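Could you put the whole structure together from the sequences, leaning on the hints where they help?
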Amino acid sequence: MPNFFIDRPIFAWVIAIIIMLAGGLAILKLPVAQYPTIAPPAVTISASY
Amino acid sequence: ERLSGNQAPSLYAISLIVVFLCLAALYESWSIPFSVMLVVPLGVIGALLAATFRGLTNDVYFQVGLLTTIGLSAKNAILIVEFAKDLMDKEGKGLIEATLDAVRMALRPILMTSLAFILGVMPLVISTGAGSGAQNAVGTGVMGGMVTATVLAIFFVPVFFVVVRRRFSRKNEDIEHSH
Amino acid sequence: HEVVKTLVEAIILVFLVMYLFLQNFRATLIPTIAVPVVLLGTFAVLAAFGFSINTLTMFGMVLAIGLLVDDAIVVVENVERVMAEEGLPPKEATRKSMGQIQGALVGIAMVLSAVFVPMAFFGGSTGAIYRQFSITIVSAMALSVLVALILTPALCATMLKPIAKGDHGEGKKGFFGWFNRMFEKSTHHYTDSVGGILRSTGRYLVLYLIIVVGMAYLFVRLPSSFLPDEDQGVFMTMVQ
Ligand SMILES: CCCCCCCCCCCCO[C@@H]1O[C@H](CO)[C@@H](O[C@H]2O[C@H](CO)[C@@H](O)[C@H](O)[C@H]2O)[C@H](O)[C@H]1O
Ligand SMILES: CCCCCCCCCCCCO[C@@H]1O[C@H](CO)[C@@H](O[C@H]2O[C@H](CO)[C@@H](O)[C@H](O)[C@H]2O)[C@H](O)[C@H]1O
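Chains as they are written, first to last, in PDB author numbering: chain A, 1 to 49; chain B, 866 to 1044; chain C, 338 to 577.
Just so you know, the hints here were simulated from the structure itself, not pulled from any lab data. Idealized CB from N, CA, C, for every residue including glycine. Among these hints, one or two may not hold up.
Unchecked claim - Using C-beta positions, here's what the derived DEER-type ranges look like:
| id | chain 1 | residue 1 | chain 2 | residue 2 | range |
| --- | --- | --- | --- | --- | --- |
| 1 | A | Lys29 | C | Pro499 | 30 to 36 Å |
| 2 | B | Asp1039 | A | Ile6 | 23 to 29 Å |
| 3 | B | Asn1037 | C | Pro499 | 41 to 47 Å |
| 4 | B | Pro874 | C | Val443 | 29 to 35 Å |
| 5 | A | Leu28 | C | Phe362 | 50 to 56 Å |
| 6 | A | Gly24 | C | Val550 | 29 to 35 Å |
| 7 | B | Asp1039 | C | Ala501 | 19 to 25 Å |
Claimed, not checked - Straight line, CA to CA, 27 Å or less: simulated DSS-like cross-link-like pairs of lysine-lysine:
| id | chain 1 | residue 1 | chain 2 | residue 2 |
| --- | --- | --- | --- | --- |
| 8 | B | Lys955 | B | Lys1036 |
| 9 | C | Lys342 | C | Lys428 |
| 10 | C | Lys502 | C | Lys433 |
| 11 | C | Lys498 | C | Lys510 |
| 12 | C | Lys428 | B | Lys955 |
| 13 | B | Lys955 | C | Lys502 |
| 14 | C | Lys433 | B | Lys955 |
Pasting the structure below:
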């Protein structure tokens, strides 16, 4: 594989480029937060008398 | 539709870009992919003309149909150029002259491919009865596109190759190597 | 079911055009076999992805056929005109032939899936429409390559008749032998047509840019919409 791409330098470039634009496009649509969900989920029951 | 409903352009542009990159990988060249990609309008013109003359619309069935045509028009053009390049590198033959040999060592397979597909989408275009609206729609786009894509490319793909090869140099070949 | 009917008719019509060019019955039976193996596999993939049998997935099946047929023919034809230009029996003729095209096969399919894969990523309510069409075609194209590496070589190795002698034969059938002979110098009347449009280049380029402007012109003129109304055999009348 290294020998393969030593002979085919632009093929190696397009793999790198395709990976890179996939990544660029990913950034445009990725959510942003301080944290992911890390708190355990809670449910509250409220009643009144 | 206030919910951002127009993404086709950028998606077609991304798709166009990845096609060029993939083609670059295939031929190990940055320039040669252009000779394959110039075939794209040759198929689009047919779809527009067909949809126009049958009063169809640019809708879902128009967009999926044209990618189909572009896919197969690409595939035709690719195996022309595939031959032309391999006749220049393996056989070592000159530019114009390896184009010719390349050109239709593949006509017969290209006319097989295309005409068999064209007569294959024909049940869609001549479809009457339930759902024929969608069948008629998706059918005339592909058919018109493929008909023009192949009759036109078979004269323009030979041109695309040679024009690109000259603008993007290598001033110590053309004419007759061996090795 | 009506789309199922045109899918079947499409196959039969592809078979008929297979047979018109490739005159040999066993040579056209090979691509003919490939088509339903790939398409049925594709349904099995749709299942794996939780998709449904619908108008777009069904249309994908029909539109995939051109792509599939090409993989099968490229193998058959390469094998044919390996035998038809040396003299190997079908078993070693296909081995040599597969040896030099299998890279191309895999390669070209990846290039071609790239014209569909990005559109697997539309967003919102319009999105599932093109996703299901795109995954169908790409699923099909993948299985097509799979079948071209597995079944098709096997069938060429066992269903094709040997040839030898620099052969493509003009004289031993009636109608079909004629067809070949026309196409022959039709091929040359075509070749120098190109040779004459190679010493050209100048304004054959200009014509292309006219097609392009004519293309962008025809484009914007065309109205746009989402999905067409269909006659569903029923309707409603409101009274207020
Ligand atoms: C070239 C080969 C590929 C092309 C063939 C693809 C055709 C696809 C269209 C099929 C549309 C789906 O239609 C589907 O048909 C089968 C068979 O009647 C039905 O199946 C029904 O009948 C069969 C027996 O006949 C039972 O096994 C099954 O329990 C029952 O549900 C499905 O309920 C229906 O949803
Ligand atoms: C790799 C080769 C590919 C190259 C192909 C390049 C040619 C371009 C292909 C066709 C262009 C796309 O066509 C585009 O479709 C979108 C998506 O439905 C339409 O978008 C419109 O469609 C419908 C109906 O109005 C609405 O749901 C949507 O909100 C609206 O914006 C655009 O009006 C049209 O411009």
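- Task: Output the numbers, in ascending order, of every earlier hint that fails for this structure.
- Result: 1, 7 and 9
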